[PDB]
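Trainee: Given next are the chains, with one letter for each unit.
Number of protein chains: 4
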Amino acid sequence: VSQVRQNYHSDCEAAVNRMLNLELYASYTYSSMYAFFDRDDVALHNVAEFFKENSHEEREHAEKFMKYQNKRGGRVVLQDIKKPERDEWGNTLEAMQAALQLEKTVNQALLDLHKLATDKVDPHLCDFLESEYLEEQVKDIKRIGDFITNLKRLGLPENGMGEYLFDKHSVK
Amino acid sequence: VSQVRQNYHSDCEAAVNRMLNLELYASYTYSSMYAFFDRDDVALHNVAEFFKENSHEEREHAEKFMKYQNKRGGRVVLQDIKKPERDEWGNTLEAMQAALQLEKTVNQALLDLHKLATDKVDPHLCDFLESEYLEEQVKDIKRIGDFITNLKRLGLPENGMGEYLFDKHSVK
Amino acid sequence: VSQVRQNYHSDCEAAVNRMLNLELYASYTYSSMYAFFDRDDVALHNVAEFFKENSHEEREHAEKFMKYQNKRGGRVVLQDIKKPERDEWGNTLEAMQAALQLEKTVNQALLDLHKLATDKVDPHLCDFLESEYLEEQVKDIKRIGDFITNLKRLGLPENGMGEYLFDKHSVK
Amino acid sequence: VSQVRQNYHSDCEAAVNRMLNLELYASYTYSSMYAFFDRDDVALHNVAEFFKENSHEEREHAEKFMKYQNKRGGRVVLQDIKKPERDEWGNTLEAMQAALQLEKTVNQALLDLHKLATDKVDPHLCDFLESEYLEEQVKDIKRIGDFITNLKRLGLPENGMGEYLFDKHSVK
Ligand SMILES: [Cl-]
Ligand SMILES: [Cl-]
Ligand SMILES: [Cl-]
Ligand SMILES: [Cl-]
Ligand SMILES: [Cl-]
Ligand SMILES: [Cl-]
Ligand SMILES: [Cl-]
Ligand SMILES: [Cl-]
Ligand SMILES: [Cl-]
Ligand SMILES: [Cl-]
Ligand SMILES: [Cl-]
Ligand SMILES: [Cl-]
Ligand SMILES: [Cl-]
Ligand SMILES: [Cl-]
Ligand SMILES: [Cl-]
Ligand SMILES: [Cl-]
Ligand SMILES: [Cl-]
Ligand SMILES: [Cl-]
Ligand SMILES: [Cl-]
Ligand SMILES: [Cl-]
Ligand SMILES: [Cl-]
Ligand SMILES: [Cl-]
Ligand SMILES: [Cl-]
Ligand SMILES: [Cl-]
Ligand SMILES: [Cl-]
Ligand SMILES: [Cl-]
Ligand SMILES: [Cl-]
Ligand SMILES: [Cl-]
Ligand SMILES: [Cl-]
Ligand SMILES: [Cl-]
Ligand SMILES: [Cl-]
Ligand SMILES: [Cl-]
Ligand SMILES: [Cl-]
Ligand SMILES: [Fe+2]
Ligand SMILES: [Fe+2]
Ligand SMILES: [Fe+2]
Ligand SMILES: [Fe+2]
Ligand SMILES: [Fe+2]
Ligand SMILES: [Fe+2]
Ligand SMILES: [Fe+2]
Ligand SMILES: [Fe+2]
Ligand SMILES: [Fe+2]
Ligand SMILES: [Fe+2]
Ligand SMILES: [Fe+2]
Ligand SMILES: [Fe+2]
Ligand SMILES: [Fe+2]
Ligand SMILES: [Fe+2]
Ligand SMILES: [Fe+2]
Ligand SMILES: [Mg+2]
Ligand SMILES: [Mg+2]
Ligand SMILES: [Mg+2]
Ligand SMILES: [Mg+2]
Ligand SMILES: [Mg+2]
Ligand SMILES: [Mg+2]
Ligand SMILES: [Mg+2]
Ligand SMILES: [Mg+2]
Ligand SMILES: [Mg+2]
Ligand SMILES: [Mg+2]
Ligand SMILES: [Mg+2]
Ligand SMILES: [Mg+2]
Ligand SMILES: [Mg+2]
Ligand SMILES: [Mg+2]
Ligand SMILES: [Mg+2]
Ligand SMILES: [Mg+2]
Ligand SMILES: [Mg+2]
Ligand SMILES: [Mg+2]
Ligand SMILES: [Mg+2]
Ligand SMILES: [Mg+2]
Ligand SMILES: [Mg+2]
Ligand SMILES: [Mg+2]
Ligand SMILES: [Mg+2]
Ligand SMILES: [Mg+2]
Ligand SMILES: [Mg+2]
Numbered sequence: 001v002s003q004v005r006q007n008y009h010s011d012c013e014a015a016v017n018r019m020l021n022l023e024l025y026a027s028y029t030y031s032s033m034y035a036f037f038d039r040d041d042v043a044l045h046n047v048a049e050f051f052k053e054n055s056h057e058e059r060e061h062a063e064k065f066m067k068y069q070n071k072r073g074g075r076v077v078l079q080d081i082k083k084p085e086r087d088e089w090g091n092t093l094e095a096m097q098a099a100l101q102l103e104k105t106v107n108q109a110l111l112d113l114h115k116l117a118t119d120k121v122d123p124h125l126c127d128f129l130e131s132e133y134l135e136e137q138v139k140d141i142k143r144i145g146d147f148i149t150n151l152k153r154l155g156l157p158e159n160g161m162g163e164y165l166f167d168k169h170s171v172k
Numbered sequence: 001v002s003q004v005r006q007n008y009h010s011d012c013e014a015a016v017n018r019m020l021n022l023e024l025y026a027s028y029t030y031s032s033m034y035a036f037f038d039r040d041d042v043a044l045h046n047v048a049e050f051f052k053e054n055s056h057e058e059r060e061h062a063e064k065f066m067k068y069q070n071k072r073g074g075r076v077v078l079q080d081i082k083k084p085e086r087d088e089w090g091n092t093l094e095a096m097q098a099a100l101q102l103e104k105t106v107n108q109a110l111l112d113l114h115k116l117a118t119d120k121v122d123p124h125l126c127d128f129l130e131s132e133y134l135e136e137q138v139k140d141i142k143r144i145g146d147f148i149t150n151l152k153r154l155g156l157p158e159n160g161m162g163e164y165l166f167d168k169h170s171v172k
Numbered sequence: 001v002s003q004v005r006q007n008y009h010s011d012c013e014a015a016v017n018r019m020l021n022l023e024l025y026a027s028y029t030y031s032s033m034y035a036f037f038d039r040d041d042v043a044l045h046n047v048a049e050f051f052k053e054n055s056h057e058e059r060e061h062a063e064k065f066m067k068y069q070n071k072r073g074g075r076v077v078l079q080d081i082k083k084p085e086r087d088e089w090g091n092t093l094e095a096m097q098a099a100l101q102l103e104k105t106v107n108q109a110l111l112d113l114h115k116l117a118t119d120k121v122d123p124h125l126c127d128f129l130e131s132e133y134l135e136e137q138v139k140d141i142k143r144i145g146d147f148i149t150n151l152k153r154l155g156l157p158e159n160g161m162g163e164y165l166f167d168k169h170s171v172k
Numbered sequence: 001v002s003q004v005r006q007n008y009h010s011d012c013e014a015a016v017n018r019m020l021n022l023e024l025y026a027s028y029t030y031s032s033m034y035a036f037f038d039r040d041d042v043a044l045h046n047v048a049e050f051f052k053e054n055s056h057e058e059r060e061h062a063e064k065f066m067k068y069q070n071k072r073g074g075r076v077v078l079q080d081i082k083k084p085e086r087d088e089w090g091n092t093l094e095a096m097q098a099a100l101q102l103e104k105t106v107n108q109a110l111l112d113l114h115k116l117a118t119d120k121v122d123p124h125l126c127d128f129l130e131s132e133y134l135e136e137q138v139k140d141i142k143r144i145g146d147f148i149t150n151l152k153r154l155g156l157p158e159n160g161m162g163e164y165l166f167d168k169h170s171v172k
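Residue numbers (PDB author numbering), protein chains in the order written: chain A, 1 to 172; chain B, 1 to 172; chain C, 1 to 172; chain D, 1 to 172.
Bound conformation, chain A alone:
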């Protein structure tokens, strides 16, 4: 019943709230990875800062969904932000593998929201996802995949010298 609401299905409104939550969950997982790589017994500061920056990006993505919801006349409904799946992330390779799976989980949720928007004939929501989320996700998945290939080439997890070299030449 919002005065601005036009062509905005209840199902899309709810799916935007769920997508908002998933972006916040992804942010929190990257915060955990930042804190792990900043541990004195891990101490890979460029890796830590890579994940801290990703945490900020995902929070920005969540805030853009809040703004979107209000622009369309939907109502932001928040739920708990679940803690990350792990308390410790092993090493740079294990963390990047977890980041790749997280990025693909977020991408699948964005693609599913695009399919719902398509089914409800919502071109504005389709354009928003295509213009503000789907290309960044493909770029992020490619970047992380490239890093995993390099970490395997550098002999992770066993090769500690390879892990050091990655921190000093791939994320400086």
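Just to be clear, a hint being listed does not mean it is correct.
[Stated by the list, open to error] Distance ranges between label pairs, derived from CB positions:
hint, chain 1, residue 1, chain 2, residue 2, range
1, A, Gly145, B, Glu132, 33 to 41 Å
2, C, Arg153, B, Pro157, 22 to 30 Å
3, A, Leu134, B, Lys71, 39 to 47 Å
4, C, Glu135, B, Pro157, 42 to 50 Å
5, C, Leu134, D, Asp80, 41 to 49 Å
6, C, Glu49, B, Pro157, 26 to 34 Å
FYI, nobody ran anything at the bench for these hints, they're computed from the structure. Ideal placement from N, C-alpha and C gives every residue a C-beta, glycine not left out.
Given chain A, work out where chains B, C and D with the ligands should sit, using these hints.
Mentor: For chains B, C and D with the ligands alone, kept in the frame of chain A given last:
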């Protein structure tokens, strides 16, 4: 039979001409609102200038449809620009309510043209509407809705002090 | 057993993790207030931006506790970030009253952590709280109290003109 | 009997002189590490310069205690600066392990002086230690711990290539 024409359905060509006319109609309605708020017995100059700027925006939107029509090899066909529904617009709240309904009428026509372009499998016309019209319409509807909420909060239509305050702090 | 750990009690390590969580909870509550004041049927954008900025400040406070934990050789342990107490915040006065109580809840948790650090004879943790958190909390509580006094003076919750005036002259 | 003396216990005056001596001892140990890494048969110049800079920092810390003593009306009493525990420091890992233990010895002496100042109700001396010494010590211990983690990852002491890489990418 234009040498440039490719994947451009006659129905979409005609609907672009009708959409062009509606943009010119919207421009003319905003011109009327400008002239009303510039009356000596209305005298809300920042409100008048808000509507004058919207009149120019809608004329620009119409000219972009003329250029689009020619780029695709369609032919611009003009019809009369109907005078606005009212000769006088009451007060800032009544005018903003009329502007919200006008913006939603224009938005519905753009969404209907997007559905026709989708049915005729015209991705260029879909992209044009998504990239050049649909996001501006959502932003404009949100802005006007926000203003209506504030005018009601300020006690319009009865509260003349509230109307003055809006002119001096919301559209300066 | 961290190689850096010195004079850092397990109880203080755990209380820092709980304090981290409370800062994230406070951030999330301010995010909710931002989204509420950005609604088309609320539409107090300077109030919304005040709360959005507070949301960012509290996230920064949480990240500083993560860095602190690692500097001392403690281990960051994350828990769920609980959703805010309300889904809607009434009006500027109700939201500022909720913000004052939230700031005093955070302040009481910081004072309780300072008392634990005092009992465990941890001057570094005491100094950190005194230098990085306790003075900002007193300033924030004073600012919000001052705003509540002004909102009451302006006739909130009933006086919508007063609410408009506050948005346009106290948080611009 | 100094005209400036107020709330300055004899025990704190003596403990400041002992703390002064320990800072000079720490400076001298870092001087020894500088000279070791500058040897032609060691030749890790960035490591050498790291330790030379730490030697200067500790001398500055000692001079600040001399100034403090005089500000409070105590009297500087100097003792011999004992030569460092070792004449040669093995390799970058052995030296960093010795530096970590030295930093924790200095930190424990600062914490013990803070406890004495607390027992004698000397808030000025407490503030001085908290503001000028205790946070730098936590930062220094964290930095050295992080370096030790990286040197172990790089295969020290056996992996000479790892030692070279550290000199060229961690302390450049
Ligand atoms: Cl709708
Ligand atoms: Cl529709
Ligand atoms: Cl619906
Ligand atoms: Cl929902
Ligand atoms: Cl659950
Ligand atoms: Cl785990
Ligand atoms: Cl995942
Ligand atoms: Cl969905
Ligand atoms: Cl054609
Ligand atoms: Cl085709
Ligand atoms: Cl055709
Ligand atoms: Cl036509
Ligand atoms: Cl007619
Ligand atoms: Cl009329
Ligand atoms: Cl209309
Ligand atoms: Cl149509
Ligand atoms: Cl300890
Ligand atoms: Cl101690
Ligand atoms: Cl303990
Ligand atoms: Cl814990
Ligand atoms: Cl619970
Ligand atoms: Cl509620
Ligand atoms: Cl609270
Ligand atoms: Cl506590
Ligand atoms: Cl005295
Ligand atoms: Cl005294
Ligand atoms: Cl005495
Ligand atoms: Cl002495
Ligand atoms: Cl002796
Ligand atoms: Cl020796
Ligand atoms: Cl030592
Ligand atoms: Cl002492
Ligand atoms: Cl290299
Ligand atoms: Fe994202
Ligand atoms: Fe991403
Ligand atoms: Fe990204
Ligand atoms: Fe338009
Ligand atoms: Fe597009
Ligand atoms: Fe418009
Ligand atoms: Fe516009
Ligand atoms: Fe004013
Ligand atoms: Fe905070
Ligand atoms: Fe104190
Ligand atoms: Fe605060
Ligand atoms: Fe603040
Ligand atoms: Fe020192
Ligand atoms: Fe130090
Ligand atoms: Fe230092
Ligand atoms: Mg309504
Ligand atoms: Mg619904
Ligand atoms: Mg979910
Ligand atoms: Mg759980
Ligand atoms: Mg793009
Ligand atoms: Mg690349
Ligand atoms: Mg021809
Ligand atoms: Mg035709
Ligand atoms: Mg028409
Ligand atoms: Mg007629
Ligand atoms: Mg766009
Ligand atoms: Mg706005
Ligand atoms: Mg260890
Ligand atoms: Mg413990
Ligand atoms: Mg808690
Ligand atoms: Mg719950
Ligand atoms: Mg005490
Ligand atoms: Mg201060
Ligand atoms: Mg003030
Ligand atoms: Mg004398
Ligand atoms: Mg004496
Ligand atoms: Mg001594
Ligand atoms: Mg001797
Ligand atoms: Mg300090
Ligand atoms: Mg560091």
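Trainee: Are there hints from earlier that the structure breaks, and if so, what are their numbers?
Mentor: As far as the earlier hints go, only 3 is violated by this structure.
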